[PDB]
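*Asks:* The lines below spell out each chain.
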Amino acid sequence: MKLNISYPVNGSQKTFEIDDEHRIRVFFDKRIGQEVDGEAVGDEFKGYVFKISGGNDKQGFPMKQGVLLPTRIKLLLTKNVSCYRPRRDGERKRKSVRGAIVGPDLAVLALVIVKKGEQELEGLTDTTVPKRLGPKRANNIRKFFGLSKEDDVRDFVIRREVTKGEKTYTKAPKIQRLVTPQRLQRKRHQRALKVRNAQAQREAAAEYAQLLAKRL
Amino acid sequence: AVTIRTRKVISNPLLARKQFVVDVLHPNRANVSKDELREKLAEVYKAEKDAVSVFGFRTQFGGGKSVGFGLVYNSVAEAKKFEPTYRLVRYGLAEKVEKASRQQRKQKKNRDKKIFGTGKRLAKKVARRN
Amino acid sequence: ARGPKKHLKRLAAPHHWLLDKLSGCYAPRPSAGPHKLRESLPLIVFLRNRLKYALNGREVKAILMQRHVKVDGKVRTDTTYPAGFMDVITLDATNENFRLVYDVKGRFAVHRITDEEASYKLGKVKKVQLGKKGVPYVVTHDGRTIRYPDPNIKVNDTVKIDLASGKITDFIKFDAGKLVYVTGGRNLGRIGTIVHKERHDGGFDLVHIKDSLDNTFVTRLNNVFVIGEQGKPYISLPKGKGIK
Amino acid sequence: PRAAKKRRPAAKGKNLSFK
Amino acid sequence: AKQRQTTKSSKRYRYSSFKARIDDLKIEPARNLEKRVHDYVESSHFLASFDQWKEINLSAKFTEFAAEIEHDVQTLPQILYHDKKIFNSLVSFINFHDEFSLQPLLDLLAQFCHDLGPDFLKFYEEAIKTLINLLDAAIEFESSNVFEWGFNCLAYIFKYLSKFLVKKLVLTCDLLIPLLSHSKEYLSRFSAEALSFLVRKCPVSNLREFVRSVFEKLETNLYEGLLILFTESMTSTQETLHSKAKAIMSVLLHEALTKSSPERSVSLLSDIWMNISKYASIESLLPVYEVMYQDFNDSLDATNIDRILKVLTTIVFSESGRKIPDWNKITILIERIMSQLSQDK
RNA sequence: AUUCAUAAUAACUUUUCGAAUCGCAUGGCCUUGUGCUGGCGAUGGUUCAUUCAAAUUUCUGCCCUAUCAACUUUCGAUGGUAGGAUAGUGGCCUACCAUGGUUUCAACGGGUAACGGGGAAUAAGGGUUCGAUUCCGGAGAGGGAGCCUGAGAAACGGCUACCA
RNA sequence: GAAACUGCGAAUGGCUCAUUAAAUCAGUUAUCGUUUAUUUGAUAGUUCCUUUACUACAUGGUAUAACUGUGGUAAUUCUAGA
Ligand SMILES: [Mg+2]
Ligand SMILES: [Mg+2]
Ligand SMILES: [Mg+2]
Ligand SMILES: [Mg+2]
Ligand SMILES: [Mg+2]
Ligand SMILES: [Mg+2]
Ligand SMILES: [Mg+2]
Ligand SMILES: [Mg+2]
Ligand SMILES: [Mg+2]
Ligand SMILES: [Mg+2]
Ligand SMILES: [Mg+2]
Ligand SMILES: [Mg+2]
Ligand SMILES: [Mg+2]
Ligand SMILES: [Mg+2]
Ligand SMILES: [Mg+2]
Ligand SMILES: [Mg+2]
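Chains as they are written, first to last, in PDB author numbering: chain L6, 1 to 216; chain LF, 4 to 133; chain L4, 2 to 245; chain NV, 714 to 732; chain SP, 2 to 220, 226 to 346, 353 to 357.
Possibly wrong hints are sitting among the right ones.
What the hints assert, rightly or not - Some chain NV residues near chain LF, calculated using beta-carbon distances under 10 Å:
| no. | residue |
| --- | --- |
| 1 | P714 |
| 2 | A717 |
| 3 | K719 |
| 4 | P722 |
| 5 | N728 |
| 6 | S730 |
| 7 | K732 |
Unchecked claim - Straight-line distance between alpha carbons at most 27 Å, and here's what the computed BS3-like set of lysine-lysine pairs gives:
| no. | chain 1 | residue 1 | chain 2 | residue 2 |
| --- | --- | --- | --- | --- |
| 8 | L4 | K75 | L6 | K194 |
| 9 | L6 | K194 | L4 | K174 |
| 10 | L6 | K115 | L6 | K46 |
| 11 | SP | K62 | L4 | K71 |
| 12 | LF | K68 | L4 | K53 |
| 13 | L4 | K133 | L4 | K106 |
| 14 | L4 | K242 | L4 | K127 |
| 15 | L6 | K79 | LF | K68 |
| 16 | LF | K99 | LF | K117 |
| 17 | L6 | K79 | LF | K117 |
| 18 | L6 | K131 | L6 | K95 |
| 19 | LF | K111 | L6 | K131 |
| 20 | LF | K52 | NV | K725 |
In short, the hints are calculated from the structure, not lab data. Heads up, the beta-carbon is just placed ideally off N, CA and C, and yes, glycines get one too.
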């Protein structure tokens with residue numbers, strides 16, 4: 001069976017095709033979340049540790065955590081679950097899903113490198129993939145660059161260069177949750193509005209009391 | 004000769020225009036083109052032809068007279084702002100927007116509904132698969 | 002039905018709007034607002050089928066989005082906003098101020114008023130109760146909740162409301178000899194002085210009204226609206242003075 | 714209080730001939 | 002803020018802030034090519050426009066104004082005989098500052114001046130004062146339409162009274178100093194454009210008196231306003247300059263280089279040159295270039311040695327060097343300065 | 001007409017709410033600080049009222065049939081009380097109680113090529129027949145059953161099983 | 001300004017008359033027997049209360065889509081891992 005191995009520290013990932021059935025047997029009977037040693041898999045993986053993350057069967061149905069069976073079953077999936085994306089709000093669908101027990105009837109098994117072995121795999125350890133996006137909130141930028149409070153995030157926003165033909169310019173994100181004079185103005189306005197409302201209510205109450213005093 | 008009379012003239016500062024009923028007497032003539040009436044009401048009210056619109060002309064039975072509705076906007080910009088798009092197209096103030104027939108647009112809408120996201124990932128996946 | 006309806010057939014629409022039966026298949030459904038559906042005039046009908054300032058619905062929408070129309074001193078942009086009885090509609094651009102008062106025929110009439118008269122409206126006191134923190138308040142026929150009212154104000158009396166501040170300037174008690182406008186039933190639109198209020202416990206009270214022309218008629222209390230003292234109404238009345 | 718006085722129409726009909 | 006609405010959306014109706022309208026607005030009535038009611042007249046311009054406005058506008062104030070003055074504007078002799086009462090009523094109603102009625106009144110005020118031009122001169126001082134108060138009043142209630150009407154009324158008066166105002170252009174400028182020097186940028190900008198039309202119409206001899214006065218004022227915001235005034239006068243159409251631009255620059259250059267004029271004037275000329283350098287293409291600047299070089303050669307002197315340098319530095323820097331035609335002239339010039353100062357310059 | 005509106009005392013809560021939101025614009029105070037203050041709107045938020053509504057509900061009114069005379073009640077039928085459930089009244093359900101409820105003024109059962117009404121035709125009047133069908137209201141989405149979402153659905157151009 | 005998240009709507013509209021004989025429905029009552037998105041009008045300064053060892057000039061992932069990249073299935077408005 002094919003193995004889709006992923007190294008999250010580098011962000012890399014690559015597939016390996018399998019023929020010999022002994023390594024596959026070492027994969028048999030394990031469960032999602034469990035760990036296996038690479039040396040039992042093969043020499044190329046000596047010293048590694050692989051965590052089982054998921055996979056698909058010969059019919060394309062994926063595996064699901066939480067179901068402890070070696071065979072497919074039809075489960076009623078709902079919002080916020082794996083193997084399902086509700087088309088309409090409140091929609092629940094009964095879909096076939098493979099169990100979480102590894103078996104011979106699996107097409108591909110997805111593995112994550114917990115620990116690196118002696119040898120370095122050509123396509124995973126030696127290669128890297130940079131993060132697609134940078135921080136956007138002010139506090140996230142401060143944490144990323146370790147800025148002090150006195151420092152302003154405005155100067156430390158990550159900028160990406162874009163070159164269209166001969167033209168060339170920088171693009172940067174719009175900071176969210178930034179402290180700006182407009183926010184202070186809004187807060188001050190809200191407080192003043194509350195105070196004014198309270199004062200007007202007191203004046204109205206006093207006027208009504210005076211009217212009653214007149215009547216009595 | 005041919006005569007035009009405007010009656011029931013109502014000033015509409017809400018839409019910034021003048022709306023009236025146009026009566027055209029045209030003895031010994033089939034009928035009168037809208038563009039001529041626009042030119043001439045423009046000359047009358049001392050406004051641009053672009054600011055004058057006319058519609059709903061129906062020739063009285065037996066011929067010799069026609070009746071319809073006319074609008075004269077305070078400014079050409081106001082007319083461009085408030086007039087219907089199709090009437091602007093009739094007078095050439097606006098260009099007809101070219102679009103596919105309703106069936107084609109609806110079929111395209113359904114096809115785009117079937118696809119989730121940008122779809123480039125689907126394209127590369129199918130390219131690899133075949 | 003499985004929820005609130007959102008369409009209105011022209012034949013099902015109120016008669017007094019005078020909507021052409023052949024113009025289309027649907028009529029404007031008044032949106033929720035101060036006045037009930039059947040006793041309201043949506044702004045689209047008023048602007049199009051009464052004043053004729055707009056020739057179609059899109060023109061009415063364009064007029065409203067320009068913020069040229071004010072209802073009771075407030076700008077409204079809803080085409081189907083339910084304007085109703087004793088509502089003040091102001092068009093500054095045309096220098097026009099209208100008050101919605103039914104005619105003798107029983108339909109809303111295009112009644113022009115001066116700015117001074119437009120500065121206020123009249124509201125029938127539908128309810129008087131103590132709110133939270135023991136603050137008295139009055140609810141009028143137009144859904145206005147007015148706090149700190151005069152104690153003498155009771156149900157069925159009429160309060161003169163200043164539009165700018167939304168406060169009670171004066172009030173008129175419900176009593177015999179007071180001038181009254183009928184807002185319901187077949188006598189809708191008539192004007193007359195009260196003669197007697199027949200009170201039936203657990204049932205609908207009946208009021209006898211006498212017109213200037215000496216004719217008498219009996220109407221349910223719910224259709225009664227006090228508008229002033231005999232010969233001295235607090236609002237300019239339409240042509241005909243609610244006779245016949 | 715008296716109602717606002719009606720305003721005489723601001724606009725009036727108008728005519729020409731040609732040809 | 003950083004980027005304007007350069008790319009327009011498909012929407013037919015779009016919100017525009019008051020500031021946004023003001024920025025796009027430009028006072029130049031002659032540029033507008035829509036038909037003007039007053040172009041067609043049977044008795045007088047005032048009556049022609051007065052009849053039209055009665056039928057469009059229905060405001061409370063304008064209707065009252067029409068009733069008072071309807072009987073006295075039927076014929077041109079009637080207007081001339083009753084000019085005093087008509088002007089007072091026009092000023093009285095404009096003072097109410099009612100937005101619903103300003104547009105007809107302001108339009109009629111301009112056309113009123115059209116009917117009796119020379120006789121409007123006795124009304125000239127009061128008309129400008131009333132407009133200035135209205136525009137100052139216009140600041141508090143934001144309406145770009147009001148500003149357009151007011152300044153267009155001001156521009157029209159200058160157009161009709163062009164001959165008389167030009168003879169005393171300094172006097173007309175004196176009235177508009179509060180506008181030209183006002184804190185708001187756009188009020189000075191608009192007033193500059195209206196006065197710019199008079200400047201381009203001014204004879205060279207009268208212009209030299211005018212430039213001497215304004216520079217004498219230089220020695226708040228008057229510096230910015232004058233910069234807009236002169237640059238607008240010189241600029242006529244895209245990548246091109248007004249025919250009178252060469253005469254204006256020579257008059258400006260001579261006064262600036264004169265020892266009596268303050269140094270601030272030379273700075274203005276530097277700013278004036280920079281603006282026109284971008285606005286105009288190469289070709290339109292050739293006549294303007296030649297007059298600079300000749301005047302610099304003629305007026306080179308020890309007293310003005312610094313000033314010719316300060317202007318010359320502006321020439322070489324403006325848009326880098328792309329707009330300067332043939333550069334041996336500067337090398338010949340800079341040789342003359344060193345032959346005849354401030355080291356830093 | 002009330003244990004109503006409202007208020008107060010003592011505690012209670014996997015317990016809420018009481019603006020960490022957005023557009024346009026840059027006015028006013030000064031001790032001159034990126035100090036203090038400040039305009040027009042949008043969107044939210046507790047409670048009350050109003051409006052669009054919904055669910056129950058009082059009284060009267062349906063074609064043929066007596067060669068259908070007794071029916072309902074064991075497995076709720078009638079009522080009492082207490083609880084549960086419900087948005088809420090209520091045998092709606094549960095536990096214990098009594099034996100009740102309808103009927104020759106036609107109950108109950110059977111048929112209906114029975115959705116009801118505004119209306120249509122005929123007739124001199126009384127009547128007789130039609131009304132799926134432009135409006136109002138009820139029910140259904142091949143047949144049963146159960147559900148998530150949401151203010152509002154037992155939804156079906158939403159979901160799950162079974163029957164075909 | 002594509003895509004996606006969020007909010008709203010999709011319970012309206014349209015069609016048919018299967019079931020239904022005090023049922024629906026017509027007229028007429030009640031909610032002092034209850035829910036009500038939305039519209040409209042009102043409505044909320046709690047000063048203080050020891051670890052002030054203190055963010056309000058404004059807090060976290062206790063987090064993900066769109067997106068990058070590696071895949072399964074013959075197949076679907078199927079989807080897994082990182
Ligand atoms: Mg959603
Ligand atoms: Mg009652
Ligand atoms: Mg109970
Ligand atoms: Mg039991
Ligand atoms: Mg049937
Ligand atoms: Mg029927
Ligand atoms: Mg129906
Ligand atoms: Mg249904
Ligand atoms: Mg079928
Ligand atoms: Mg169903
Ligand atoms: Mg279907
Ligand atoms: Mg449906
Ligand atoms: Mg039966
Ligand atoms: Mg019944
Ligand atoms: Mg909504
Ligand atoms: Mg992930």
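*Asks:* All the hints need checking, so say for each whether the structure fits it.
*Replies:* Comparing the hints with the structure gives:
For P714 (chain NV), the interface hint is violated, since its Cβ never comes within 10 Å of a Cβ in chain LF; the closest pair sits about 27 Å apart. With a least beta-carbon distance of about 18 Å to chain LF, the hint placing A717 (chain NV) at the interface is violated under the 10 Å criterion. Checking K719 (chain NV) against chain LF by beta carbon gives a least distance of about 14 Å; that is not within 10 Å, so the hint is violated. The closest approach between the C-beta of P722 (chain NV) and any C-beta of chain LF is roughly 7 Å, which is under the 10 Å cut-off, so the hint is satisfied.
The criterion of a C-beta within 10 Å of any C-beta in chain LF is met by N728 (chain NV), whose closest approach is roughly 5 Å, and the hint holds. The closest approach between the C-beta of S730 (chain NV) and any C-beta of chain LF is roughly 5 Å, which is under the 10 Å cut-off, so the hint is satisfied. Here the hint on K732 (chain NV) is kept, as its CB sits about 6 Å from the closest CB of chain LF, short of 10 Å. Distance restraint check for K75 (chain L4) and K194 (chain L6): the Cα-Cα separation of roughly 23 Å lies within the 27 Å cut-off, and the hinted pair is therefore satisfied.
Only pairs whose Cα atoms come within 27 Å are accepted, and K194 (chain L6) paired with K174 (chain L4) is rejected, the gap being roughly 37 Å. Between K115 (chain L6) and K46 (chain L6), the direct Cα distance comes to roughly 11 Å. Compliance with the 27 Å bound is thereby established for this hinted pair. Distance hint between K62 (chain SP) and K71 (chain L4) is fulfilled; the C-alpha atoms sit about 20 Å from each other, no more than 27 Å. At most 27 Å may separate the alpha-carbon atoms for a hinted pair to count; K68 (chain LF) and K53 (chain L4) meet this at roughly 25 Å.
For the suggested pair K133 (chain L4) and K106 (chain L4), the alpha carbons sit about 44 Å apart, so the restraint of at most 27 Å is broken. Under the criterion of a C-alpha separation no larger than 27 Å, the hint pairing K242 (chain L4) with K127 (chain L4) is consistent with the structure, at around 25 Å. Proposed proximity of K79 (chain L6) and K68 (chain LF) is contradicted: the alpha carbons are some 70 Å apart, above 27 Å. Pair hint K99 (chain LF) plus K117 (chain LF) does not hold up; C-alpha atoms about 31 Å apart against a cutoff of 27 Å.
Taking the CA atoms of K79 (chain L6) and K117 (chain LF), the gap is about 20 Å. The hint holds against a cut of 27 Å. For a cut-off of 27 Å, the pair hint linking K131 (chain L6) to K95 (chain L6) is broken: about 34 Å separates their Cα positions. Distance check on the hinted pair: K111 (chain LF) and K131 (chain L6) sit about 36 Å apart at the alpha-carbon level, beyond 27 Å; violated. Simply put, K52 (chain LF) and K725 (chain NV) have alpha-carbon atoms about 20 Å apart, close enough for the 27 Å limit, and the pair holds.
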